[PDB]
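One structure is given below, encoded as structure tokens.
Entry: subunit A
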Amino acid sequence: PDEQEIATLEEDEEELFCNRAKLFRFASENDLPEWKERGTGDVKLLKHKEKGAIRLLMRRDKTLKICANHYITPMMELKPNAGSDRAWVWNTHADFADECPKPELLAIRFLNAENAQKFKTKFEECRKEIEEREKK
Partner candidate 1 sequence: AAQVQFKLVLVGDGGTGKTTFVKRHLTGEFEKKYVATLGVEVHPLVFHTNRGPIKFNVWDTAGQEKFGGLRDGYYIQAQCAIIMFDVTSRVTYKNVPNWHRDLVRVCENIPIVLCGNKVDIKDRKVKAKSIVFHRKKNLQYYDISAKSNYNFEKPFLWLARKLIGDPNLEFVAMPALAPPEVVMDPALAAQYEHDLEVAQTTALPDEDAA
Partner candidate 2 sequence: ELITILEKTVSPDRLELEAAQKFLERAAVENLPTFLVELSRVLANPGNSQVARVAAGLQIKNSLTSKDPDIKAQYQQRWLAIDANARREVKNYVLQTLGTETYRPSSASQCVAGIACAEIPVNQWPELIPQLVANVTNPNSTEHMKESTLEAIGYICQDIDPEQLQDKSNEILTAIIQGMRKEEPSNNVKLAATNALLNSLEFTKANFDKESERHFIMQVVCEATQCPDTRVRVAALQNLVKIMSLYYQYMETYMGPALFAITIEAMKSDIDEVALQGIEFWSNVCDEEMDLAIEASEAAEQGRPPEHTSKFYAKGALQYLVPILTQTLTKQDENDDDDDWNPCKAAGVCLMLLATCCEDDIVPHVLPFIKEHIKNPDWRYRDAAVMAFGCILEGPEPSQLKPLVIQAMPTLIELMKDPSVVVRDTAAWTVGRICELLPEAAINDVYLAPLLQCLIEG
């Protein structure tokens, strides 16, 4: 067959973070914008070896399909789910989950507290690094 050698294209990049979580997608296109499921799986943050580009990439479980794939920009800063302690909400302008750019609003809930805090700190570190890179 045409199997050749399957490449996930995760090479040439460093996996800064990886943990299990559940992700939700905001149905902005719907007349009722309420949240909808997107899948459960490991959320990975990938930093390019030399291009210095940090991106988010999450697949599902037992199907291994992409459900969220977009870069990280310095504009994705403020909005948290500070009311709760197991949630995080962010906005992306170019999502390539379905091989077509779309605007998306996403949420995530890891387990309760510690995973969420560690993810937030790592995300802030990556965002600060990308801001420092773009400032020059």
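In the analysis below, contacts are C-beta pairs under 8 Å (C-beta built on N, C-alpha and C of every residue); 3 or more make two chains touch, one makes a residue touch a chain; residues count from 1.
The set was built so that all candidates are chains of the complex that A comes from, given by their letters.
Student: Which single candidate from 1 or 2 touches subunit A in this complex?
Tutor: 1
Student: Under the definition above, what is the set of subunit A residues touching candidate 1 in their complex?
Tutor: Residue positions touching the partner: 1-3, 6-10, 24-26, 28, 33-40, 55, 57, 59-60, 62-67, 69-71, 75, 79-81, 83-84, 86-87, 89, 91, 93-96, 99, 101, 103, 105, 107, 109.
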